[PDB]
Amino acid sequence: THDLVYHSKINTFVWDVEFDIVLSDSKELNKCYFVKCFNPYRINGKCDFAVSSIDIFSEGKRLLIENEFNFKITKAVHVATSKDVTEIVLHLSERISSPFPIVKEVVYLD
Amino acid sequence: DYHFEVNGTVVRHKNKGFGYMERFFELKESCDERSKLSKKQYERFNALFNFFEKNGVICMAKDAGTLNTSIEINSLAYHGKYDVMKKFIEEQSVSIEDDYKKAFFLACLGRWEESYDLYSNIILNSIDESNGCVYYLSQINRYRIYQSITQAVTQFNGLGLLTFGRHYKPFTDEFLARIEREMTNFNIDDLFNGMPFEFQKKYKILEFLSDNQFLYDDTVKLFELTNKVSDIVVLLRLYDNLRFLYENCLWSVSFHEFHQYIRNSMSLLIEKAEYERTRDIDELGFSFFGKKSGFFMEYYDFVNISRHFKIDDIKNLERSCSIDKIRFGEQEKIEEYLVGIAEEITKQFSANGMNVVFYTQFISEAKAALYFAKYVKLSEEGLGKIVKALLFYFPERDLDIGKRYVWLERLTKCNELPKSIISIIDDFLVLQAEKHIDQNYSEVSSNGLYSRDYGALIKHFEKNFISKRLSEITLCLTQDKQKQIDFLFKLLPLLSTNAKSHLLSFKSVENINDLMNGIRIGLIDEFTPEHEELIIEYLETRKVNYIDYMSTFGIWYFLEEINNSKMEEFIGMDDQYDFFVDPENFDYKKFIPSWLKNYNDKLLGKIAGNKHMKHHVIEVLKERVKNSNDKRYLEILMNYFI
Amino acid sequence: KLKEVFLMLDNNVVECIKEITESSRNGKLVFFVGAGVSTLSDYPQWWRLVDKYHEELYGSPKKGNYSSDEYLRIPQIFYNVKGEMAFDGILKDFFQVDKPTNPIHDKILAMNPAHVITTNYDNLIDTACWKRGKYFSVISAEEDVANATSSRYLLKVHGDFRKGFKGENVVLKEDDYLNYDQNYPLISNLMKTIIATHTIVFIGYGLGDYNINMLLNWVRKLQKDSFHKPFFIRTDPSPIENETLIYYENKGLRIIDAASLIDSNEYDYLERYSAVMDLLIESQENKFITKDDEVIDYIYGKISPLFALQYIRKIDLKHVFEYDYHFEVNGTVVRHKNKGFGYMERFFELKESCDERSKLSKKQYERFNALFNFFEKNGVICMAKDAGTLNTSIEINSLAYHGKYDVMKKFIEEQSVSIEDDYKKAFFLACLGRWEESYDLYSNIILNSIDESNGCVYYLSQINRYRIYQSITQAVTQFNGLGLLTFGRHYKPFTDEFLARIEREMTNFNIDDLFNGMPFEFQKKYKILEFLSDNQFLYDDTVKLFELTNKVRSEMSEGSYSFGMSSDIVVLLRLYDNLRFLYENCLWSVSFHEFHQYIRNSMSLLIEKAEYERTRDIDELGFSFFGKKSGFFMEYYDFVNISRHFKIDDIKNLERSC
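Residue numbers (the entry's author numbering), protein chains in the order written: chain C, 11 to 120; chain B, 337 to 565, 580 to 897, 911 to 1005; chain A, 14 to 671.
The hints are simulated quantities; they were obtained by calculation from the structure and are not laboratory data. Ideal placement from N, C-alpha and C gives every residue a C-beta, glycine not left out. You can trust all of the hints, since none of them are fake.
Partial list, computed: chain A residues near chain B (C-beta under 7 Å): (1) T162; (2) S163; (3) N548; (4) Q549; (5) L551; (6) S570; (7) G572; (8) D662; (9) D663.
Sequences and hints are given; from them, build the entire structure.
This is the structure in structure tokens:
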């Protein structure tokens, strides 16, 4: 739990951690992770408001299509270095009000 | 006995004997004193005059009226003249010093095996039948090349196999064994002591090279951050320490000790100059006395920044200080150097380019150069060649598609986009489309950006650019090439009207999930009534569930691109929805500041432009920033709400 | 396989091999190459030359075997009767065939000998010296001795054909063998002094050569303890039989034989030499397998000199062990380049096991106790992988840091006891500003510190007095200029006679040359004290401070709060490590301009980072409720550091940003 760093200008916790995924539809995904991209200088010509280009990797190579906003839950989540951190992830998932509270490697393209 | 100041002159100190230097400098100007000198010794005076004017010692301190030293480097390696060094290496060597610089150049092109062999040849042929300077230098360079080979082989064949798939073993195993055997227990500390006693008295100034750390000048660098309210004695020493190592063909210019203080001098100098500015403004005035920052980057400054800095270090430079206030001198020379880098990249990938050590040594400076290029006004042809190289011949193992797009957006900030650059980007998009015909090929990016941003940038710079090639590719589409249709969906604005008409029939809109898929890929621009009715049923479904995308619908309504009024009947639930649909009757006690951290420039501009929420939002932000040190809330407050 | 081959070695061989390696690493090993290394690959020997002398002289081939005297009598007879021309022609015909070098010569030169002495007239060793890239002044005739070009001597005792293939240039006949001291006095004296003052290892000789017997007879007239017994690398294909070994060991030859080491054939000279050479070389990179007795012995051999020193910082302990182990500042140790026995790991495990200590030697328990007391005071705890709750307390057990002027004044007024008390008194005197008396105290310490063989006190006193000379010169220059107008009275600090005296005795000092002029054992044991002469000792922790500054600022701009270890603990534990080293040992340059700025920069960074961490923008919980436990508790030492190494401008800038 020494690799978790909270970022301020975007409500996110960076942590090299993989979480199993359960969404509203029956399709289920194994341990995966998110990558957020804070870009306030992004081309938003259309009705785009988000400053974060948030996407998902399944196994570091499998980027799944966004499609609908799946109602994902953290389920069992592993740091892949020390031990399972399920509580340590779910406890700070709330009181954030930002989608994908815990991601890995925010790119911070300014 | 004499303090040779780096600014150009010399000052006296501890010369208990006669003042030979003062008399020499006095006779430098008087022609009669020159004439009265003896004939056999006159040529020696001429040689001394040539040496002293070359090294940059002008005059004494009592008459040092002119002291501006224009640094000049004539080394071929500094300017990255690879085409010249290759031709020189192909040319046979006539002497030993020419052989020495051939060895050094061979070391800078990554061919370390040939460089080591040629250094061994020099050692054999110049054992002691000279002044010994070449023998000493070629012993040190040999050891440094051996260290570099060991470090590369412990890393390239150690862990970096995935950087080229399978072990490329750039150095042969027999060669590795030979260099290990020939260099068992080579004492580098005592090497200078093994030289003849005459050498140790004459070339005493070459002692530091045989040391584990020799550049203990960093302790002097602590004078750059003293807050007493110059710095030119450090920059001149940096050039003084670069014209030695890079012009005497020495193999101590690629290690981490050299790169560490160059990354420390060039950072401390710019930071202190940034502190000289923004501090004189406090008591002198913004523009009445704020002429310039003080620092002036030149060709030999940009080259150092390119060669030694990394991307994270450059970003740290940009975050701390505003480099945009620092003008880049000698724009033409920077343009030519960048064009040379682009030519080298183009020639490297197009050819075999299997040689990997030089690739790794040179890709860093190439990336740093094309990163810093945004500060230099590049010529039209030069920019065209730069962009062509960066798009079609830069390896994808180092620069991903997202980083590639970031690089161009960085380059287009300080320069427009004439027809040539947009034509190059159009050709790149065409190449991507032709690559997408393979249904098993997918883009990999570590920045979130993709090929959509290229079309978006083209449209932003040119509102009516219709890529006829893309239109023809769309016309020639089939049903089974689903991935191609998706990719062309991502670039809808760049297609022609008949192309759009043919494409839209392939994939229509469905319910809300596909609706939002089309919105993300920009399928629809004006919200058609059918889309509007589809929206309501989702909200009507939400009411049943309540008795998500709701924030998106509220924001769209706030942006006035949704003109439906019956949705006004559906308020009193989510905070953001009511905020963006009915600011009149919102009770503001439920507002959360975190929302403001997800809004781009235009949304905050529209929020600030509205009267009914400006005061509430600004007082919320002030309350939040009073009790916290968050820079994001203050940044939002000052950029848009003042 | 070779690792256990080193084990199947007699204790005499075990100690001889380590002695040779120690001499080689000490630059004291002088090789003695003889006939047998040359004839290894293809070089012709003297027997065939004597055969052709018999042919040209006696008509018929030699019958039977010629005796030892005939080896020199037959060529002498040929020279006396037929003359010099035919002799020179025969030598020219024989000795012109160039032969390639052999790996044994490369192995010999790979041990970095201080000198090599050979009786070979060939240039095989000479060419191997040139081709490998190692310089040697060739001394073969008398005139070369006067014209020596360097300090390394490739001595050709019997001469060579470098000036021409002539009989005079080489000692081959009986006349020049008998009249050797009357023809080659200088080279003989040089050989004798090299053998006396260095370590000699004979290779190639076989106890049946005139040179070996002459040297052994020369040894008999060298008292008892005035000479070292040279080593002997015998490579005959027969066991030493253990009686001639006794005879030659009594006469002064510690024989090492290759027949016992390896089971080679009778025509395996190459393998016979190569076994011993590889065994010697492989022992130059590592020591033998260790036990509880030797590990503590090795550590005490590498740490005992540091005992005289009051305190030693942790970063340079890698130099003590020569980059074998990376000593982390937090008190942990990690493996960096120790490609051998893990002595530090075993030391720490034996530290953490009382039962493993009961099997120690008699007094080695006391040595380990001393090492434990030393390491406990130095803050090192355990290995890097095994470390937890490493909280440590910062303490300075000195008086200059605490600013107790009256206390150290009273201490100065008290009587002296030893050299250490005088040293600390001189440092206190310099701190009080009475530099005039401090210089005299340091001079007296220098004078009285050489009668006792310590070195540390003398070296540190010289450094301190040189820095005091710098300080008083700076004070004088300030006073006679700006200081003359800052205050009314000029206030002449020191007498003109004293200034003239210090100027006379300070000229041509060459401070950086002080360590080079130090005795070899002093610079070997105190490798870390070289950094005190120059400003290298701040480079190690300045390069890693300018890099943590950018790292912390990057997080400042990025706004990434961390919930784990703070990056400002490496600098914090380096502040009170360099400060403790500089103050506890009572060195000067605690008021050095460069050292003050490093402290100021580190303090400024610490306060910036701590004030940033104080106002966290966290509205959520930490690990469970909160991660941080405390902040920047400005201790007494922190206040002293801020008060002593800051100016008004620096504190003002710090206030206007925190």
